[PDB]
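A.B. asks: Okay, here's what each chain looks like letter by letter:
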Amino acid sequence: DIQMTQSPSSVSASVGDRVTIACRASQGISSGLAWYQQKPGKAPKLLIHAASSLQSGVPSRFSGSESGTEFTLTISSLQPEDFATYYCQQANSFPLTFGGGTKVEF
Amino acid sequence: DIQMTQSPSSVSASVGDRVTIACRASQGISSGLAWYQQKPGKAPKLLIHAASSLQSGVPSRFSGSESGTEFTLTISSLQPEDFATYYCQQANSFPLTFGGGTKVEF
Amino acid sequence: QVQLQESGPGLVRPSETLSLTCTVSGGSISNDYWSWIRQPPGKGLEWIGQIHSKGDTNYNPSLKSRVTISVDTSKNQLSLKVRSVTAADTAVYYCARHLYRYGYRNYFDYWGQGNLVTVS
Amino acid sequence: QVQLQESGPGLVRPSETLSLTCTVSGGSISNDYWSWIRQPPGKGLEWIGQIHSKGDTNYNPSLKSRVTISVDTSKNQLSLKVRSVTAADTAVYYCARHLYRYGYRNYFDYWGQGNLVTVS
Amino acid sequence: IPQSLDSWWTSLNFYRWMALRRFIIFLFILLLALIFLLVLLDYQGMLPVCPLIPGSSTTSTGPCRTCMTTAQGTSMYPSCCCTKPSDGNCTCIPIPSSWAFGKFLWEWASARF
Amino acid sequence: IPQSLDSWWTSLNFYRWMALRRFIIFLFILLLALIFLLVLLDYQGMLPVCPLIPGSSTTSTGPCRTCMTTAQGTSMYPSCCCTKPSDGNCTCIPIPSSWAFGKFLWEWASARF
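The listed protein sequences correspond, in order, to chains F, D, E, C, B and A. Using the entry's author numbering, you'd call the opening residue of the first sequence number 1 and step up by one each time. Using the entry's author numbering, you'd call the opening residue of the second sequence number 1 and step up by one each time. Using the entry's author numbering, you'd call the opening residue of the third sequence number 1 and step up by one each time. Using the entry's author numbering, you'd call the opening residue of the fourth sequence number 1 and step up by one each time. Residues 28 to 41, 72 to 170, numbered by the entry's author numbering, are exactly what the fifth sequence covers, in order. Residues 28 to 41, 72 to 170, numbered by the entry's author numbering, are exactly what the sixth sequence covers, in order.
Hints in this document: simulated from the structure, not taken from any laboratory. Be aware that a few hints might be false.
Said to hold, decoys possible - Pairs of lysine-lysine residues, derived as DSS-like cross-links and limited to a Cα-Cα distance of at most 27 Å, are as follows:
#1 C:43 <-> C:75
#2 E:54 <-> F:39
#3 E:43 <-> F:45
#4 E:54 <-> F:42
#5 C:54 <-> A:160
#6 D:39 <-> C:64
#7 D:42 <-> C:43
#8 E:81 <-> C:54
#9 E:54 <-> C:64
#10 F:45 <-> E:81
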């Protein structure tokens, strides 16, 4: 079980802000991390896979950096539709574990 | 779990007899059965693998037939060193299960 | 576009088998890895387990081997059985198709609508 | 010739972790699949689980995921941990090397001498 | 054989040089025979050239369990070609039963060009 | 190029026939260029010919997990060649990084002969 920690538990950001969400793996996952976006009452949407590869159809404002074991999701301009909960998944080893979820607030 | 049944639970045979031990799989194991010989206080010895392939160094008097799902171990001449307990293993699916063991007696 | 749709009860009694189905329309439930992921209400996502039509199934050890996942290629169905549920099994369950990028990936690109099962 | 030798206690107390080691001499514990198989005294063989040095490990579901198998390539050692043992865990344990015939086979060609562990 | 080729070439156009020409013709014939042998072995499927990993999910791809071969079977040839991402699961594509090398060349040319 | 080959051959030995000879020389040159291209691609490892499954346990063989490739990696070439017996576990042998086709031919010749 790879513990997947997220920081912070909540981000208070407005429209048009550089929003950062940090994820940390208990052990190195060889850049096998994904970022999912989940809105209230909806299924999560795969935003980024392999910690840097943006998903097809996802707006390019989302980016993923993998500096060491510390991964980061970055939103250049926080659109009003970007306010959701962001989860980081490790895929290197089983069982697949998610992060605690970073709820980007207003 | 593939149930592995053996018949009979004990064979009363003397030296120089055609001894047969039957094994049955709950479901077809695609000829993935092995026969092991275990003596009292000793580890089992792989006699036959794939239900027909004799092991290297095993005397040729041992044979394995795979008529349907019913497998059979045959000893042409029961040597005095052949009196042991014979187990049938299935290898097609996990978990690997053994037979109940046929104790060839005197 | 692959459309996953969950189905099953929402009033699974305690100490009873939890049965869920995921019908996959607009595609084939074979040729892909499919996972079940549960999220307790107000809690984070918890991966239950994966399965391939032409392969084996992997389970979360935190479930203590009380979970069975199966694929019905004839019905394009993905079945989940969580045996001996407690109040902790009250969650929204999602069937998710695994990402494929020049190989099978452990990411979930298409998700089901999610079915909430309450154990009480 | 590969020589497997078991080691460990024989007086594992109930509700305690059962630790066993298998030292493989005359060969390399890598490059092969290695299984632990237990036989209760007077009962039939019961396969505990397999592991490869460069791969994953497979366990018997009848053990309810309380068993961990590991490989120490530096020491050519095969370690077994059966957690929360009861009186039913009193058995002779064998470490067995998997047969290789143009591929890895689920057969056990070389067996350890077998170490009897009593839970009481 | 080299004498026939030399005679045909001379007819089309119309002592150690003749020996050198015969040796060159024999070398060319041996090379052509090697090509024919490789093509024949490609036809029989004795050349297990790996098919490329498809970019999308395909009926061909699957786990290594899709690589089932008979227990009695003692074939030296691998059944599939597999890749295991650090990111996901083992993906295996079976080797073509015939024209594996030609099929690989066609796939490689299509992908590159 | 065909003119040079024709001149060299005539020197060694010493209107539509000349055109036919030039066409034959060009075809031979194209075939030799194809051979050189195949050999060059074999050298660079762009031909993923499967190594044969060893008869005994070898450091090369292992599970499909031995086939680890990078998560960022998007290579179209399979990393290993694998067989899954109905009798046992998935056995994978990596494809040689260079001279995969020549190495396979050597292994096949050694095993058959």
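A.B. asks: Compare the structure with each hint and give your call.
C.D. replies: Structure-based check of all given hints:
1. C:43 <-> C:75: violated, 32 Å
2. E:54 <-> F:39: Given pair residue 54 (chain E), residue 39 (chain F) is violated - Cα atoms ~33 Å apart, limit 27 Å.
3. E:43 <-> F:45: Holds, at about 17 Å.
4. E:54 <-> F:42: Given pair residue 54 (chain E), residue 42 (chain F) is violated - Cα atoms ~30 Å apart, limit 27 Å.
5. C:54 <-> A:160: OK: residue 54 (chain C) and residue 160 (chain A) at ~24 Å, within 27 Å.
6. D:39 <-> C:64: Violated, at roughly 30 Å.
7. D:42 <-> C:43: The hint holds at about 14 Å.
8. E:81 <-> C:54: violated, 32 Å
9. E:54 <-> C:64: holds, 25 Å
10. F:45 <-> E:81: holds, 25 Å
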